[PDB]
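Sequences are here, hints too, so could you generate the full structure?
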Amino acid sequence: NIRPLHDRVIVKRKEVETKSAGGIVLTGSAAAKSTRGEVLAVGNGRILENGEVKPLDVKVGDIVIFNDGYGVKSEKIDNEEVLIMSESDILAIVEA
Amino acid sequence: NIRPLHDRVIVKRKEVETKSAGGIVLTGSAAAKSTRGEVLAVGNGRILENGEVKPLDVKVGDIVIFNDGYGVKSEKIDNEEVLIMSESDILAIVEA
Amino acid sequence: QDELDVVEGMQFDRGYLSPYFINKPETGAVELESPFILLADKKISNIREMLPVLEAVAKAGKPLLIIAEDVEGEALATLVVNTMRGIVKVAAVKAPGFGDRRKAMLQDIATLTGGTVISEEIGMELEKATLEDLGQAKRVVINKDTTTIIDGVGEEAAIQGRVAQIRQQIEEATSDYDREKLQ
Amino acid sequence: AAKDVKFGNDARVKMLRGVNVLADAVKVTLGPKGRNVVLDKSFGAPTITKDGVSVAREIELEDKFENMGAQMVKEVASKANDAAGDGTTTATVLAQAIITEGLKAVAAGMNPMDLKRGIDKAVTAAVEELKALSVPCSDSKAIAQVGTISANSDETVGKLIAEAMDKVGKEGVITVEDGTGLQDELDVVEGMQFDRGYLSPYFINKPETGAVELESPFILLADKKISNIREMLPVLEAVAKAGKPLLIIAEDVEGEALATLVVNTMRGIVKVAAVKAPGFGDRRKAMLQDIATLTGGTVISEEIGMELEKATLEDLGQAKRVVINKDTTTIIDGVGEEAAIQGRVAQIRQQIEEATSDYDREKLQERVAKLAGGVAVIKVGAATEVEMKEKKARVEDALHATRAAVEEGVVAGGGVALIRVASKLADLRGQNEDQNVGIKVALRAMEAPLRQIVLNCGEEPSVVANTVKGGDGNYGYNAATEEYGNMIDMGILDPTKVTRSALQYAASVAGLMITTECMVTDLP
Ligand SMILES: Nc1ncnc2c1ncn2[C@@H]1O[C@H](COP(=O)(O)OP(=O)(O)OP(=O)(O)O)[C@@H](O)[C@H]1O
Ligand SMILES: [K+]
Ligand SMILES: [Mg+2]
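Chains as they are written, first to last, in this note's numbering: chain A, 440 to 535; chain B, 440 to 535; chain C, 19 to 201; chain D, -9 to 514.
Incorrect hints may appear among the rest.
[Said to hold, decoys possible] DSS-like cross-link-like pairs, simulated, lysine-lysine; straight-line CA separation at most 25 Å:
#, chain 1, residue 1, chain 2, residue 2
1, D, 310, D, 266
2, A, 458, C, 146
3, A, 458, C, 61
4, B, 453, C, 146
5, B, 493, A, 498
6, A, 458, C, 121
7, D, 300, A, 512
8, B, 512, A, 512
I should point out that these hints are in silico values taken from the structure, not numbers from a laboratory.
What follows is the structure, given as structure tokens:
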């Protein structure tokens, strides 16, 4: 187990959608990397200018639509690729 | 359903205007993507330096003129394209 | 010995854009029965734009032949994969001819098969294309060298009208080469 | 430019003079007692040869009308070489005889088009009679005899070609190339022996042989070229868990991937060797697929859809034994379904039937010989390069004749088959008397090969021809022994295809040539 610091989060990306809505198989660039991923670990919280750590709105086990970019990083925990990023990168959580 | 975090908003863009004011059909670049869209979901609010979350002026169900750019992200909820962006990107709400 | 070879109906000199489209290996050719005829004036590289058309064709189950300037890259690869997977028997071939001629021949194929050509000049987009937009033929033989369409499902009167238009052009046509091509 | 125009007898006489020049240069080579012709080459030493098509190709005359005749009759030898690969001299001799008799007839005032129609009718009937008279040549003894006769009575060449055909088999491909030694060498390689060596010298398992030897290895067939170890990493890990060696066929393995493979090769975790895929674009994929069917594997390609990260051991091919050297890669007893191999061979055969190019057809037949049957190389042994050229031409003639014999059968050699055919066609008649005369000139020309063979032996062509005609069946005159006997029994066999093709091409060209009344050419 790896837990993030400050406002960072450990998220495991979902497998790219092999098939489309109408059952058409997507390959190569068509099966683009998913922007949605499950949260494996949440940081303690962000540190404000005044010196208090504000908890993050993300919780462990909730699906999050992340924004791929320099902010997100690739790391391998137990031969499993996990992304590391700030809560800012997370756009919206997917509930239900 | 997908609900945003912090000051972000989930907005569904309006269909481009097929015809002009004088009934002339616009095609290709003429029918540019609309900058106006309905708000599907609103974030809890923006977090200030002091640590309080200020609610967003935008509400659910109000038409908003949004500024297309890097800030907005394209995501598909139930096979429907929705834009994700900060309240800053929202310029003016279209009431009545 | 002198040999006579007579090909009937449409049979343009375009082969399959991907060898794996072959339904019948012992003949090395694709034999599509009652397939839709998609006629796109533009070239194709991404699967997104034809994706509604592919989903409709799948839901129906009939095969789909894509006559377009060129189907390659991601689009070609996904079409091939779906061809083996069996969801949709899809074959893609290059449009016959070149500049101005290619358009006209696409429109003649559309008239024969009762379809519509997807072009930017005409105005329609491929994302909005429907099954009714797609043409129809009783049979389609694809091989490496040529494409043959058998019994295109199109209104007879439209075929005679298009033939009459081409005849008028032939009459006006003065150059031997051009006249032979319209003939 | 300004033209010289000649009409009637003058033009025909000049045409015949040119044809006679070319045919006299060519016919001195016909038969066992036939001599050699030296062809001056601008570059290299003069070529000494006993082949009608080469002599004919070199012939070109100063006189424009004679040169027209020479070129026209040269088409006969060229076409005979293109179709059968042998019989070019017999064909030139037949064309000269037909032209001479037909021009005599034209000088008698008969209609040349009717003469041409009579010649065509006689030749069609003659082809039918040759097919009827032909006997299959399937035994190795007859094949060796055919090769020996086509190699100017070189028993060694015939026996070598018979052995090569017996080894590689019907689907086997045989090629003739220069040899370093003085003796003819036969080299036969079975299964896949595509010409690609190890991408890294350190893959060599056996140093004293300078080659990689893999025992029961997996085979990975990737259509793409790779430079990173990440994509194959699952495949390498699966192989290491299995413990058997691995062979990589791909467009190119280089950089980090190749270096990692080499390091793992010494370290012993995986016995891995990588070589380049055979052939080039639009053909590399075909050879990859044939290897996949032979070894029971699947080709990893982006077009097919599969990725290398998802490749599994079942995806990998299987073979019993592998040899990698610097020049070629050999796979022995690939573990693949037989029915699939025959099916793939049948598809390649269908493409061969569809193929219309000599290069394309020979490449597909080479692919077939790689899948099933084998490939043989005959290294011609000669002391010098001129002898090498002459012997290679003779061996190529023998190979073409043996292939023709296997394809269509054999008939009596020594021009005996044409003599018998002409005898069987004595009752053939045309629509008019001129067509009858054309038939007769064709029949008389059918005696030209035997007469020229006898003439090249210094004997009397008419006496020998009369004696042979007085005989029946396969009875003929062995020119090598100057004796009479059963041509089949003494081993003088001519492929039916060669004789038929010579007759047909000579007849077509000569019949058209005798129809000429005007000749238009540039002025001198
Ligand atoms: N010992 C022999 N006795 C009689 N005829 C023979 C003998 N050996 C060969 N021949 C005959 O010689 C004829 C032609 O042989 P040759 O190689 O001289 O000419 P070709 O095959 O017509 O020409 P090329 O090699 O230029 O294509 C054949 O009909 C063959 O049967
Ligand atoms: K010869
Ligand atoms: Mg010969």
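Status of the hints after comparison with the structure:
1. Taking the CA atoms of residue 310 of chain D and residue 266 of chain D, the gap is near 20 Å; set against the 25 Å cutoff, the hint holds.
2. A C-alpha spacing of about 21 Å is found between residue 458 of chain A and residue 146 of chain C, which places the hinted pair at or below 25 Å, so the restraint holds.
3. Restraint check for residue 458 of chain A and residue 61 of chain C: satisfied, since their Cα atoms lie roughly 24 Å apart, inside the 25 Å limit.
4. For the given pair, residue 453 of chain B sits about 17 Å from residue 146 of chain C by alpha-carbon distance, which is consistent with the 25 Å threshold.
5. At roughly 21 Å between alpha-carbon atoms, residue 493 of chain B and residue 498 of chain A fall within 25 Å of each other, so this suggested pair holds.
6. The straight-line distance between the Cα atoms of residue 458 of chain A and residue 121 of chain C is roughly 33 Å, outside the 25 Å bound, and the hint therefore fails.
7. Distance hint between residue 300 of chain D and residue 512 of chain A is fulfilled; the C-alpha atoms sit about 24 Å from each other, no more than 25 Å.
8. Among the hinted pairs, residue 512 of chain B with residue 512 of chain A is consistent with the structure: their alpha-carbon atoms are about 19 Å apart, no more than 25 Å.
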